[PDB]
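Visitor: Listed here are the chains, written in short residue letters.
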Amino acid sequence: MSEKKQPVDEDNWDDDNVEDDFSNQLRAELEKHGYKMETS
Amino acid sequence: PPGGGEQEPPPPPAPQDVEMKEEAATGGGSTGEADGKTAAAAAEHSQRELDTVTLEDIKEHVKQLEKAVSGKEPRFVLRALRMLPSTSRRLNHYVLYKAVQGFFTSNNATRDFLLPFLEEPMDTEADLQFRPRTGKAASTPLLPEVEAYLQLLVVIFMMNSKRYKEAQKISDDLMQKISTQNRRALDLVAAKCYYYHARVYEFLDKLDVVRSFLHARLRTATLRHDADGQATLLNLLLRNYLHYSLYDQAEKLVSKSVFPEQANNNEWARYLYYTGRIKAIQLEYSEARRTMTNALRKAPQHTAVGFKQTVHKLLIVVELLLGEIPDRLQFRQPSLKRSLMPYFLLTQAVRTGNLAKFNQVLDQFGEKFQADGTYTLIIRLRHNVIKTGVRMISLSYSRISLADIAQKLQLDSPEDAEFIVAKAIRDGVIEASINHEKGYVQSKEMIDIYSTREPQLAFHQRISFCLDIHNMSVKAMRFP
Amino acid sequence: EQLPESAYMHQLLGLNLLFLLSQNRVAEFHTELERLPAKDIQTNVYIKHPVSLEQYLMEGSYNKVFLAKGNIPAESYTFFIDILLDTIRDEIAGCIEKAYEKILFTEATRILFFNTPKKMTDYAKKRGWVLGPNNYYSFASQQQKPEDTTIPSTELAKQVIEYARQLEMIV
Amino acid sequence: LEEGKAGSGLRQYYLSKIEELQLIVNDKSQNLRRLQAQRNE
Amino acid sequence: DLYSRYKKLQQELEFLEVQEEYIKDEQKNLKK
Amino acid sequence: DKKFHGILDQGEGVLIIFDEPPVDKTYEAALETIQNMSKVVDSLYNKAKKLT
Amino acid sequence: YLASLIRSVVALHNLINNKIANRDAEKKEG
Amino acid sequence: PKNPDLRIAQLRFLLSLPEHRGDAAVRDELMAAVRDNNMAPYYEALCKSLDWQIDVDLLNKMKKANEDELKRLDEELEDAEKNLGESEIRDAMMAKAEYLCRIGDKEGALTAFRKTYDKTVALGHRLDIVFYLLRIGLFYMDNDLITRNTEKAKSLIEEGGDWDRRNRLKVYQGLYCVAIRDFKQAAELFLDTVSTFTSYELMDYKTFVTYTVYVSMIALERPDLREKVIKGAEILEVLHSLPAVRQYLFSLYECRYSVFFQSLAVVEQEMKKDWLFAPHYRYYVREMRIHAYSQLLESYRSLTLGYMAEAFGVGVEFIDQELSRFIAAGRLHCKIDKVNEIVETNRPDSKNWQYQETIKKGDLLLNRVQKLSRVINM
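Chains as they are written, first to last, in full-length UniProt numbering: chain V, 1 to 9, 40 to 70; chain U, 18 to 497; chain E, 180 to 350; chain X, 11 to 51; chain R, 39 to 70; chain D, 371 to 422; chain Z, 261 to 290; chain S, 12 to 389.
Do not rely on the hints blindly, as some may be mistaken.
Derived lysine-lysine pairs resembling DSSO-like cross-links, with alpha carbons at most 27 Å apart [claimed, not checked]: (1) E:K304 to U:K440; (2) S:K117 to U:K315; (3) X:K38 to Z:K279; (4) D:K372 to U:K492; (5) S:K59 to U:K354; (6) S:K59 to S:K181; (7) U:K330 to U:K315; (8) U:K461 to U:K404; (9) D:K373 to U:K492; (10) E:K305 to U:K385; (11) V:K4 to U:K440; (12) U:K385 to E:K227; (13) S:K117 to S:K107; (14) E:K305 to U:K330; (15) U:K385 to U:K54; (16) E:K305 to E:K243; (17) S:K82 to S:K59; (18) U:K330 to U:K374; (19) S:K283 to S:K346; (20) S:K284 to V:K62; (21) S:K13 to S:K242; (22) V:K4 to S:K382; (23) D:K372 to Z:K279; (24) E:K324 to U:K440; (25) E:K218 to U:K440; (26) U:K209 to X:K27.
These are calculated hints, taken from the structure and not from any lab test.
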């Protein structure tokens, strides 16, 4: 404005929530998905 | 030396053009606006005055120094002089100094020279009509002067400027009082100046007595004359009272009123931000979520700069305690992202059902939360993380074992497995029925009531809001 | 704010804080700690016990608090932790049901402590509720069985009354 | 006078507050009289 | 002087007060 | 193939048929909001032209 | 939903056309 | 006159994301930099890649020879504009002018485009200009100006009717729908299939086979999935050419759950290296999961996860947390009994999900119009 308080101090986002779920969980993932095969 | 020597002359006349005609056309226009119409107010040059103050506050302010245009501080504060027919000759004197600065070098007098200068409106004897024009001609050098921040010996001149402004305030309270109209143009200035009071007092000492003065002013506005002033005074109160314990929480309920009409526009919404943090301390989110969201949607268009981003920093806090939170990178700003990185990892681990993931973020990133004073949420948010985990596991599993559920949520023992669910049922978190023999926990999915109650409750907000859009459209449509 | 440091400054806030918690004041608790938020976490164990008590009150506890109620410095919190005792014990009875199908005898005796107290007999009165042999029951049933059938149809018509009124206010 | 010169400040404030309130009611009457001019058109 | 105008400024208050009833009634009959 | 509606069971060897045919009432609203997207988007051009 | 659908459209045509016909018509007169 | 620059966009995406490729990815890029005299495109890559050593005179004599080649046409126009004709001058300069801006940046192109838009009286060269906007829209990944001229070209095209350029645009909207996330519109616009065959602006046709088949496995339902590949003759041969891609289709219809990890493995490695899929690939991973889980859980009303270990080899807790997170997302509701190793279906989703889309989109829409409503005024 700049008056008063402030001088004192589809889209891809909806799916980017789920991507954030993929970031902290199960990586992507390829390698682990391929490593779980020979474990048992 | 030749290059810079020839680059010194061009700059100073650029302000000496615009800044000379700026408050002469705005102040001199508001001079005739103050004699009549005077409806409301309006005084549209008061809004133009907001634009002009913000105009110099980017470029060029007042000074410096600069050893060129620093003579404008005594220039405009001299020569009222005195009555309107005598002011023509003085308006010409303002232009004679242009030839003085064009022929010889410009004279710089500031700092200790400002003491008689600020007392020259009292020496001229007098303006004599417009206290706000003298308050503007005295403040306009003083307001950007705070940008020096030299802190040595000129801050007591800012105290002398509050004293001289208090003289102009005694003249503001005694004179007029019947269709004042000088007060309504001065309430913007009493606002800005009181915010500059707290600005200067933040660099030295908090103001305990100036709040006695401020509250004298505050309560004395009601009922005699309050237009736009008290809405700002309440925010002055709230601003340092939110930083300084205590009781100020329930102080707002006895102040309201509201206070209507909401002014100035966004200036009211930020008030909703201050009271949003306040009402968050009472842990009521439903009242807090609306006041937070309204703050952001009621504030256009920026820039600047970071406070509009900080109000959003605290916006999603109450929603994180709610348990229902949208992903916050839709509001992501290139200047904001870099600031909330640690904070963003916080909400990232909050929405998850892992408790250890959440306890790591407080350890590593608590150092940033110390500066924001946001630890008030970090104790009460744990309740929401456990409630989130149990909600997930409730809908995602038909029948769950209480002993085997503790390993995933690091619940660590069988006994609290019963406790979380006990309060979950008590708060209506889960409808499942639990049998204690081994024990086990079974859950059931009930519906069909569903769209009976929930959509009609929303419709009550939807339709009322749509007819309000109709009323607000009719209001602005009938003006022509 | 410049005064000689008081050795009691720490827990004297925790006496009124634990009493305030016995009164169940949610808004005053958090605004009490608003004076020194970073200092109460880093030091003052006397204040770190009530905030751990709040952490344990969102659990809730019940049992974790019973493990922390054995060891308190305290001091003078004896008079307050007795009030905290009773105000928790009635909450065992309130929060166990609704809604649990059944709970075995000695299993509830593990939370009531003692051996064969008369508090569980007084609970057999207060709750009522049921007293069964070597077991207990939430009958009947879970409880009162809300339907609610034609009861909500009255307010379902009523809400639409004023809703149509809002349509007529446009008009 | 204290009765008075400053008590007539509240007294005449009733004039300015009635004229301000009436300036709102007169804005509500002006914008509504445009209705009658238009409906008569 | 002071009390004179004090009693002079509620006149248009009441005049426009009945003017509200005026405009409100007239537009309703004008719709018919 | 959707030409047949129901559900089976491997353990008990039980096929169960269930059907709730009509989808029309939602199509009503869904195909509306989908177009109202471009409605609001089209309003941003006028709202941007009047302001600046 | 249809209600709120057209409510915004009414406000659309009314506010857009009127605010333009207000300030842009007054600026040429004075 | 596009693929030499389009593959440069391919190599810039190949260099940008992975920092582990320091050899074959810079070599082919310099191989295309020494030719066509690309000047401005490699500055942005010079900041990220190495600064050498020396470029300087090697590319300075080439940009000065490009400016002599530029000034010889700029010196040909005023001798050409002395004489006069219809388009014979202004059209002679624009083609090489957009090639001269092909050397660098957007400038000479953006001026040449608005220049020639007032020249051509037909859509022939107009849409060619549009194609230039699309190729540059891929290089600078700027979707602003490619959504406009396309909308304007569809009106001049269908006034009206076309063959080659129409089926071309059908692929273009597929490239934009795959750049962003649109699964149904991409496969719908990909219905032309082999009718566009090999094209320079359509780059490799063999890879077009793969791109068009990767979208058909999501938004296309199983009856319609085999309806496109089995009934469509033109698409049946191209899949027979590549046994790896064909494996995924016929294994998907075969319902075998052992191969899906191995087949999606290859699909995921190709998803990473290829561009535009970086944002969208992580959604695809779970997409195919729920698409296999659909046909899986629809067959039996009661199922045990120990049976799923046989098809998955061997999931125990893996699919436990997996399916749990699919349920929490409202994706294919199914009730699983924990520690009892039982899964239940249900779900008669035609009740709640029928009515749930209304509230999900309604809230976002009306919250948009709330902001627009408070904008006016102030």
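Visitor: So, for every hint listed, does it hold in this structure?
Guide: Each hint, compared with the structure:
Of the supplied pair hints, the one linking E:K304 and U:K440 holds, its CA atoms being roughly 23 Å apart against a limit of 27 Å. For the hint pairing S:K117 with U:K315, the CA-to-CA distance comes to about 39 Å; that exceeds 27 Å, so the pair is violated. Note on X:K38 and Z:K279: the hinted pairing holds, with a Cα-Cα distance of about 18 Å set against a maximum of 27 Å. Between the alpha carbons of D:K372 and U:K492 the distance comes to roughly 55 Å, so the proposed pair goes past 27 Å and is violated.
Restraint check for S:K59 and U:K354: the C-alpha separation of about 23 Å stays at or below 27 Å, so the hint holds. Taken as a hint, the S:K59 and S:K181 pair is broken in the structure, with Cα atoms around 35 Å apart against an allowance of 27 Å. For the suggested pair U:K330 and U:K315, the alpha carbons sit about 16 Å apart, so the restraint of at most 27 Å is met. For the hint linking U:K461 to U:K404, the alpha-carbon distance of about 18 Å falls within 27 Å, and the restraint holds.
Of the pairs offered as hints, the one joining D:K373 and U:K492 is violated, with about 57 Å between alpha carbons and a cut-off of 27 Å exceeded. Taken as a hint, the E:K305 and U:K385 pair is broken in the structure, with Cα atoms around 50 Å apart against an allowance of 27 Å. About 45 Å separates the Cα atoms of V:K4 and U:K440, which puts this hinted pair outside 27 Å; it is violated. For the suggested pair U:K385 and E:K227, the alpha carbons sit about 21 Å apart, so the restraint of at most 27 Å is met.
With a C-alpha separation of about 14 Å, the suggested pair S:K117 and S:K107 falls inside the 27 Å cut-off, and the hint holds. Distance hint between E:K305 and U:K330 is unfulfilled; the C-alpha atoms sit about 49 Å from each other, more than 27 Å. Straight-line distance between C-alpha atoms of U:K385 and U:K54 comes to about 52 Å, which puts the hinted pair past the 27 Å bound. Taken as a hint, the E:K305 and E:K243 pair is honoured in the structure, with Cα atoms around 26 Å apart against an allowance of 27 Å.
Of the supplied pair hints, the one linking S:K82 and S:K59 is violated, its CA atoms being roughly 32 Å apart against a limit of 27 Å. Between the alpha carbons of U:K330 and U:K374 the distance comes to roughly 21 Å, so the proposed pair stays at or under 27 Å and holds. For the proposed pair S:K283 and S:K346, the alpha carbon gap of about 34 Å is over 27 Å, so the pair is violated. For a cut-off of 27 Å, the pair hint linking S:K284 to V:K62 stands: about 19 Å separates their Cα positions.
Under the criterion of a C-alpha separation no larger than 27 Å, the hint pairing S:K13 with S:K242 is inconsistent with the structure, at around 34 Å. Straight-line distance between C-alpha atoms of V:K4 and S:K382 comes to about 22 Å, which keeps the hinted pair within the 27 Å bound. Among the hinted pairs, D:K372 with Z:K279 is inconsistent with the structure: their alpha-carbon atoms are about 55 Å apart, more than 27 Å. Taken as a hint, the E:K324 and U:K440 pair is honoured in the structure, with Cα atoms around 20 Å apart against an allowance of 27 Å.
Distance hint between E:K218 and U:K440 is unfulfilled; the C-alpha atoms sit about 31 Å from each other, more than 27 Å. With a C-alpha separation of about 26 Å, the suggested pair U:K209 and X:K27 falls inside the 27 Å cut-off, and the hint holds.
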